[PDB]
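Just the one chain here, laid out as structure tokens, in the form solved without the ligand.
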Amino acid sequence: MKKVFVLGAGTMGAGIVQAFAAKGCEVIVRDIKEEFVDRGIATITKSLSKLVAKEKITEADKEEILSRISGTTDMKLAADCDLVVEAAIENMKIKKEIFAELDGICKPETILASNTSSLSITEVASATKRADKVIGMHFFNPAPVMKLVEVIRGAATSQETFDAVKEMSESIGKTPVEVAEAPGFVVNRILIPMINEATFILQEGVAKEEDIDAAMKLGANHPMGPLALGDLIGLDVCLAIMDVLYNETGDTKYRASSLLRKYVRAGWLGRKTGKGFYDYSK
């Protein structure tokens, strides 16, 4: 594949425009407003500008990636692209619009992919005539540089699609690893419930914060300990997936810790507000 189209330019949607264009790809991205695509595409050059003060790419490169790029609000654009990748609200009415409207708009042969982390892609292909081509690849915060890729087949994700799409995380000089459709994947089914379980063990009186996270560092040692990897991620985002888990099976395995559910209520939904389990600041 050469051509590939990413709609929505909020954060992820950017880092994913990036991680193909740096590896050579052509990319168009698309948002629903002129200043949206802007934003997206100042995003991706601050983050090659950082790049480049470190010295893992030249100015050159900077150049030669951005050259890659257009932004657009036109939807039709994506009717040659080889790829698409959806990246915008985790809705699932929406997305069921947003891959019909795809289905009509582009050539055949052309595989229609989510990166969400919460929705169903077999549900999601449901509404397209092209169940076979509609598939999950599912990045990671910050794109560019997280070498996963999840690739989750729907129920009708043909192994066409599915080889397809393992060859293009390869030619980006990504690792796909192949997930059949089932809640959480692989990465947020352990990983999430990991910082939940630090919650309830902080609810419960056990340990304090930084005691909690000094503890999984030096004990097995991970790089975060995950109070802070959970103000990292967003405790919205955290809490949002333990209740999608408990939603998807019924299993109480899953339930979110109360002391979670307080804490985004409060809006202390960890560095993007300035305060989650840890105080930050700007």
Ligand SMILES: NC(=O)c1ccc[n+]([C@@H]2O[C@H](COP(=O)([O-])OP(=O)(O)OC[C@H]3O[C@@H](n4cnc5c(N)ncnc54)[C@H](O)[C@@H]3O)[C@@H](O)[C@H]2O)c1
Second form
2 protein chains.
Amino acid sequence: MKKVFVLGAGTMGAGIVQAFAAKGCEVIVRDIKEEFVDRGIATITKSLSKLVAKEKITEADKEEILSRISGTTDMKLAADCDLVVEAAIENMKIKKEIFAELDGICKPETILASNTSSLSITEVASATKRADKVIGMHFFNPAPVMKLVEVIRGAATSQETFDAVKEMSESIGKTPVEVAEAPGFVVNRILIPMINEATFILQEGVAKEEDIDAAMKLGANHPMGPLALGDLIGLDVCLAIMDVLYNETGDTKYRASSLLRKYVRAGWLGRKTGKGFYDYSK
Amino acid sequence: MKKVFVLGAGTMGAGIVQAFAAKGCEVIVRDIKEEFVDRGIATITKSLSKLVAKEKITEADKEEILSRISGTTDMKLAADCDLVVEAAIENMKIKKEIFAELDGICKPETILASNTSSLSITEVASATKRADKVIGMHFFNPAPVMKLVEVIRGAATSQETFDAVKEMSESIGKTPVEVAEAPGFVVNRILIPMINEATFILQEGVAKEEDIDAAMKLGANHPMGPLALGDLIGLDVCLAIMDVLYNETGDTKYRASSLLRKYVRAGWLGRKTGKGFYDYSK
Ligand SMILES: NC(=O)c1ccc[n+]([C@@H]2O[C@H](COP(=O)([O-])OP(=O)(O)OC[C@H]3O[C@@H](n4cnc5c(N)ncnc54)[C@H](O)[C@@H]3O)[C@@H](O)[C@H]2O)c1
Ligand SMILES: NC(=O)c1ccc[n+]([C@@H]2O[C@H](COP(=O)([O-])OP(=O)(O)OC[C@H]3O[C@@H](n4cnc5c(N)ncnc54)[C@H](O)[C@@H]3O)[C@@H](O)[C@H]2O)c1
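Any chance you could show the form solved in complex with the ligand after that form solved without the ligand?
Entire complex below, previous chain first.
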């Protein structure tokens, strides 16, 4: 599978597109308006320049990756691609429309994959007549660098479809891991409550921000502490993920701290608002 | 603090002996049998050679260090020490008696600190009449190398004992962090439940061992995955800590999985037994 259709062209779409293109795939990327696609492309172009300045790749590799990527708003261009990776907005109604339409359009061979962090693949695939070829392909930000893809098997995802997505992932130099679908998969299910735990510690006056983080970094060799990491993932995202784990499981274990909900209601979302657990400046 | 008494010639107490001595403190290490003390002094000795091999230090340094360390099995030898660091077995009734004993032996100014991961500094302090001078000094294995020390204030630990242990942590080149005593402090309170969650992920069929650990390594940039890390800490230790956190809080969030109890009951404790989540060799 060398021809890849990617829907959406924000952070993860752009990153995913680059990931596929950088290892020689032909990639079409589809967004809604035309300035979105352009942005997605300029995003990727800025990222590759950062790789050239690092002397990680040549200016020629950059032009070549770019040469492998095309923009469109036409969903019909999906019809002859080997893999679709949907990385549009995290809304179930819409993902179900996208996947239905994609079911109509694409040849019967095409595998259809979502990059959703928090929505059920099984539920998405149920909107199609291709459940055996719907699958989750959950990448990690920034997708061109991070080597993991959680490969999320829905209830009806075939062995054959999993094996194909696995080889496809290795073919672009990523390490796929098989996941029977469950909330939070593996990574977010471990990582996020670890961040929520650091909010509880703080809320219960056990220790202060800088200390909680130094402790995780020096005591556990984590490259960044949990609170900084929350500020970096976004506190709204952290909060939404603890809510999904809690609503899906009914398990009081995944209850978010009151302090986290308050920071999100203040708009203290982290870096991207210049304030979360830490105050930031440009 | 010129002079340090350490209880325990085991893994940690040997490591803590080394951490102090190697920065020029005198140290008296006390265990309950000579064999043990000997074992301990050999361990510092072989660890100091290793440094020597890589020209981290020369022989004169090594033996200069070794000359600062004396062994004993008599508690009464703590009478002139400036700081005690108790790293004996994790058992309340024993710690209480040690600390009662130390309170009788030591000059009024000596600070009594414990390296306990899971017992209340405050309860230990109440077995003495010098609660203001009792504190936890929680090091990380290997104590020579790992920089962090969680400094754990009991309810009655004074500002001046805190300030003193802080300066002393720094003076041996460690980074102290202030902790108001609560179960699991900071590090283990985040880290251990993370390993327990991975055991839950495994028990519920979500994904297999190696995949869980590649996920956390490649998806979150953690230096090791949590299952391997559990095997390294010892699953008996993971379980005990989840059990303290659960009995101390009454919160079901910290309930250990059944898979964890089962592995512990099989003797599959980790590397130390040659088998935990993974099978090991030599
Ligand atoms: N760090 C992360 O953002 C991250 C990591 C892993 C997974 N995810 C998941 O990836 C998905 C996308 O997240 P993102 O961060 O790129 O969001 P984003 O908001 O930055 O980008 C979403 C893009 O999808 C486009 N879009 C909306 N409706 C569309 C449609 N019908 N067709 C084509 N494009 C459409 C939008 O125009 C937008 O450009 C979500 O499912 C999210 O849960 C995100
Ligand atoms: N990784 C770790 O081992 C680790 C890390 C952080 C904290 N701790 C804590 O530090 C303490 C020691 O654990 P360890 O791993 O070194 O155990 P260990 O079994 O390696 O050594 C404990 C030593 O204490 C000795 N001992 C028992 N009763 C004693 C007494 N009354 N006086 C003097 N010595 C006595 C034993 O002879 C033994 O050699 C525990 O409280 C534990 O929770 C351990």
